[PDB]
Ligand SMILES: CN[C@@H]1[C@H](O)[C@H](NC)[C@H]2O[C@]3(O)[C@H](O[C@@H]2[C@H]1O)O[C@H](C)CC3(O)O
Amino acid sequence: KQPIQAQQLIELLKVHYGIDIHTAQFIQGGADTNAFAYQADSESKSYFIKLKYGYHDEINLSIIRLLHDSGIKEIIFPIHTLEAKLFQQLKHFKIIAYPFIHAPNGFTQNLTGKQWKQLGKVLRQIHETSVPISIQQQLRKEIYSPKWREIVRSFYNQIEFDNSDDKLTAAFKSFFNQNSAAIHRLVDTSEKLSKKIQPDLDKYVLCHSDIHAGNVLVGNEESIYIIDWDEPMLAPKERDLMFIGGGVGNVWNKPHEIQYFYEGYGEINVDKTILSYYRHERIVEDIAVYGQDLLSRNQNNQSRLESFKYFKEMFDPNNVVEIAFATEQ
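Structure of the chain above on its own, please, the form solved without spectinomycin.
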């Protein structure tokens, strides 16, 4: 169930990057976007290899270049290919090598105040980094699409017994009821907030659409990195800021770290109506995405196991749902 194989990746790497890899293992996942990851090692340097297919090939590297250019070291820059490129397109898939980084992500590695400040500084460097007109005309933009809200509302009349349902699809069906009220409150609120917000395409900055503890690699002491730049966007800073104290992953939910963060980001003016909105909409979408996954055709077997898992966590103590409803500064 793995694309390339042993000596095959090695041959690929050596052909397009002129690197001599002796070992090249396959990793079970990482950040799935039709992208498999491998840890290829050279006589002295380890590399993180990524192969993209379907919802993979795009143009986000237009940002990491813009960001590297802007001078943000807290980003993992791609290894150039012999044709002097940052990737290697191959009829079937795309190759994107990175220097390998061993560093627990934020879900198993907390940040030191210092690091919390450093993150705040970077998120700011980024939020400030000017975006070329030609780049803006690409980046998706905050529209407040009810896409997600609507998909969730669909489920409502779809929760009931149907022998055509197995164990898993069942627990979910039930967990959904058991929390029926809370969920409607997320849709009806995300919607309500949606109306109270007067858009302003001028206060929109470059944002890492989904910057949670899962995408901060916490290294030695300054070696923090903000990974996953597949779907960056242009939105009010609150699109990113909502994660600080947001509780995603059941971490990043300790009020005192928020202070540390704004220290580096430099305390400014945050729209709490917008901040609150994102915390709600995000959960909606998650419910939407996970929902579909657990309703329809059990064809997505071995996946739906996790969807359900994450789905439930959202409701655990001091997790994203608790925090959203506890609308605090």
Given for the second form:
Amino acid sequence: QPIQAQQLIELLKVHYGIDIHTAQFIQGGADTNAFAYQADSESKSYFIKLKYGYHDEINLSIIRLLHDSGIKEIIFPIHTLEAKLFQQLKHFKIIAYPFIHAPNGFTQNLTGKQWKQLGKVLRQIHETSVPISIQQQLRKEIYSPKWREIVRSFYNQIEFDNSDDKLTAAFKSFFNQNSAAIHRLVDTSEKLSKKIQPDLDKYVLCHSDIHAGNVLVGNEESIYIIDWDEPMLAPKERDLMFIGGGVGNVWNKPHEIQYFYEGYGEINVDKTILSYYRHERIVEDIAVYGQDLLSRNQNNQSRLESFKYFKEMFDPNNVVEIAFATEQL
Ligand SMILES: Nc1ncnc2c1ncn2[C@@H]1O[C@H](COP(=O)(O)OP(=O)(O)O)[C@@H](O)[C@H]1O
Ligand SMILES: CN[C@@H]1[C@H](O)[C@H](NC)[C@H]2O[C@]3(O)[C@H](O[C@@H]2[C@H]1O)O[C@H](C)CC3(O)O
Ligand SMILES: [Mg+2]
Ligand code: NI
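Moving from the form solved without spectinomycin to the form solved in complex with spectinomycin:
Now the complete complex, all chains and molecules, led by this one.
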């Protein structure tokens, strides 16, 4: 909600030379730095992002590399009048894209054919060669204990309190009920991290967060991998962990996993790194949701979501049960 309709309209007119007659702010949003609007002209619809991050230029750098590489399953930004993929403004950055109406994977299942196409495209991304100038700017997999420590710092905080409101209490209670599994996730991630032999030579370009929510499933063959904010250099397992990973209660049907590899190309998958990620990723979520639900912070309009998502992870056939089900790797 930084600017208003008629304010974005002028900014798009001045910097993009586009004549928009209607623009609406969109809900959801990543949070903090991340606003999204739908702006329409007489003939087209645009999806506008007003970012406030730092890596936006290096990430645009990655889709620029992917577009050069011939990957069509990505939404290429719209050029500013200065031939740039983004317009640097006073306090924020503008990034326009054409508007894609397809629903994400949490709502639309992929057909066997689309599953093959996703495997084919992920392989393409992984096989993509990255210029050393970009590799030096991309974060690398260093198996940081950062999130495991934060979750542990929670261990000794889940105790009855009078200052906590209903939400905080319900969270501590839920935490206590699943304390065993929570420690197991942290311990298994820590354990597996030491069992892994870091071989920088086997690191490929990874999306790092390619679950169903980051896939727009259009008609057919018109699917799109979005959310290119965390690309990194790491083992391919960083991304393969999602196939059959169960994020969002989908992508948890074993028979689709084969459809996927049909296009990715059945190859050797390190079952240990693949298991590490499935555990570590949940540890990260526990840590992020945990901090939000404990800080108490009033401006936390997110606590509601954080709690819902937190518990969502422990549901039947969701990410926790799938990570624990080693026989699925
Ligand atoms: N080009 C686009 N056109 C239409 N909707 C889009 C477009 N890009 C993203 N979206 C919508 O926004 C949602 C979140 O996008 P994403 O890039 O993952 O942002 P965030 O990192 O905040 O989750 C997607 O589920 C989709 O509904
Ligand atoms: C910054 N990336 C996002 C964060 O990691 C976020 N957790 C703080 C993730 O939450 C999720 O893992 C998944 O993907 C979300 C990620 O895309 O998004 C779902 C809506 C909720 C989830 O629990 O299923
Ligand atoms: Mg997303
Ligand atoms: Ni193109």
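Basically, rigid core = biggest C-alpha set you can superpose within 1.5 Å across the two forms. Numbering follows the first chain given and starts at 1.
The residue that stands out in 70, 33, 273, 303 is 33, the single one whose Cα moves by 2 angstroms or more between these two forms on a rigid core fit. Relative to the superposed rigid core, the position of the CA of residue 56 differs between these two forms by 2 Å or more. Here the rigid core is superposed, and residue 113 then shows its C-alpha moved by 0.4 angstrom between these two forms. If you overlay the core, the Cα of residue 161 moves by 1.0 Å between these two forms.
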